[PDB]
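J.: Spelled out, the chains give:
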Amino acid sequence: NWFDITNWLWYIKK
Amino acid sequence: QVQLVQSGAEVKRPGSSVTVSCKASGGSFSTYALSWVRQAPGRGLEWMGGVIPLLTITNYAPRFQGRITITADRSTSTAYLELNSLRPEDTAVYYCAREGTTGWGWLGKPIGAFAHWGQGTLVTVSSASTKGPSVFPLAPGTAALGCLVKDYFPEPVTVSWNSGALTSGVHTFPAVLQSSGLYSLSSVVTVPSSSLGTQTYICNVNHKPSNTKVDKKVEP
Amino acid sequence: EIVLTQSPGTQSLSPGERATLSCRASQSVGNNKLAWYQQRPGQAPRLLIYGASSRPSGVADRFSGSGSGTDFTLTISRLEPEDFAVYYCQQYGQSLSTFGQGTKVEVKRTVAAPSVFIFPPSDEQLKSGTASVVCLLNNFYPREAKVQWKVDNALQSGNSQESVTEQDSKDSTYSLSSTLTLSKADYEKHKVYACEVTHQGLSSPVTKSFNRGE
Ligand SMILES: O=P(O)(O)OC[C@@H](O)CO
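Residue numbers (the numbering used here), protein chains in the order written: chain A, 14 to 27; chain B, 547 to 766; chain C, -19 to 194.
Please note: incorrect hints may appear among the correct ones.
[To be verified] In the SDA-like style, the derived pairs of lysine to any residue whose C-alpha atoms are separated by at most 20 Å in a straight line are:
1. C/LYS188 x C/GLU142
2. C/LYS188 x B/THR688
3. C/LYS107 x B/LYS655
4. B/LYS763 x C/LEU106
5. B/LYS759 x C/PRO61
6. B/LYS762 x C/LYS126
7. B/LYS655 x C/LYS188
8. A/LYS27 x B/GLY654
9. B/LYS655 x A/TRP23
10. C/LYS126 x C/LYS150
11. C/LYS88 x C/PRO61
12. C/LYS150 x B/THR713
Hints were generated in silico from the structure; no laboratory data involved.
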């Protein structure tokens, strides 16, 4: 789900 | 606060390509999903596609796959929508929309849903040329009177009555698109019959693209 | 593709009444990724609910979302004047995001029959070679109404256009205008111009007419 990508980015940047 | 500011309305010829821009400020541009959503006149919302700028990853609705391109310019925090091979049914207001965040500022966890919207860009697909309207009277218990604002392009026209002093009972109708490709708009007002001999009714019509500015006195 | 069904597409409700709006998905919506938006005419959509039930700060808590799987509901606990608007659901549980077709929440009020007016073409317009005949159906409720043009009792087809105002913010009525267009030459071939109107508030059709030139 393309929609989930930015959540993953946010997480791995944290 | 996140702000999305889109480029202005544009008339496009059938078969041409349109580029709509969306400049963002506030929050993070690169790490949040930016989508494009359109709304044809009097119709619902349709999601077209989106981009995640940092990763240069796009996601297009199948209905538009092969006809659209979405890009993002990180140097200017601007996203772009290209829509090609335009047809009359592509006439719509195009919105850019960015997903919201939780919290707690504008740098929090993304929510996917579209919290932040541009003001919209009207793309009108048409072969018509700019034309100013004619303004004709609709001549008048209760009496009705009005003005017929006929044969103009592009949208919009605005209409007031008595320089804005008269608003009660005024109805200004949505424009209709004629077979000629030109628009027509009617504005009416109801007033007491007794007032017709004594009070003056003037419709103030403004069509900025043609610089048509007409104040038409409507009488029996 | 997940198809979202919002039925009915219109709800007529009283000020202060509770509203429940349904959104049914053709298949399960992943992770309850279901949002609701409000839109008023001339404005961009506004996010009310995300993740089926979460409410952004700033959104009034009289809006609440519920449901899971295929069955979602937007509840408005008490309709304020500004709540009469269009509501869209949206799913984003698949890479292909889709919207419902929207539900218009409009103000229920007492029935009002249209007040009908007919306007011959202006002398100014006739000089230019065209004739526009206008019929006004003013201040009626509910929105469903029909106009038919008759010229020397001949039912017209294809030479008229109409449009309808948004519901009036003050008296909650609608108005409709229809324009019949002919060339001047064709206009001058006929005598009686009539518009015939039907509406729930009318027991029988209303006809307004004029005789050209009189
Ligand atoms: O009375 P109903 O059945 O609602 O009909 C309304 C309709 O005649 C409006 O054109």
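J.: The structure should be examined with respect to each hint, and the outcome stated for every one.
T.: Hints, verified against the model:
1. Distance hint between C/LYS188 and C/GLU142 is fulfilled; the C-alpha atoms sit about 17 Å from each other, no more than 20 Å.
2. A hinted pair counts as satisfied when its Cα atoms are at most 20 Å apart, and C/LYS188 with B/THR688 qualifies at roughly 15 Å.
3. Between C/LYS107 and B/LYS655 the alpha-carbon distance is near 66 Å, which puts this suggested pair outside the 20 Å criterion.
4. Distance hint between B/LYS763 and C/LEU106 is fulfilled; the C-alpha atoms sit about 18 Å from each other, no more than 20 Å.
5. With a CA separation close to 35 Å, the supplied pair B/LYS759 and C/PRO61 exceeds the 20 Å bound.
6. Between B/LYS762 and C/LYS126 the alpha-carbon distance is near 30 Å, which puts this suggested pair outside the 20 Å criterion.
7. As the CA atoms of B/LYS655 and C/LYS188 are separated by approximately 62 Å, the hinted pair breaks the 20 Å bound.
8. Proposed proximity of A/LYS27 and B/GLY654 is supported: the alpha carbons are some 10 Å apart, at most 20 Å.
9. Between B/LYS655 and A/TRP23, the direct Cα distance comes to roughly 6 Å. Compliance with the 20 Å bound is thereby established for this hinted pair.
10. Of the pairs offered as hints, the one joining C/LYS126 and C/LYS150 is violated, with about 24 Å between alpha carbons and a cut-off of 20 Å exceeded.
11. Only pairs whose Cα atoms come within 20 Å are accepted, and C/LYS88 paired with C/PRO61 is accepted, the gap being roughly 12 Å.
12. Proposed proximity of C/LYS150 and B/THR713 is supported: the alpha carbons are some 12 Å apart, at most 20 Å.
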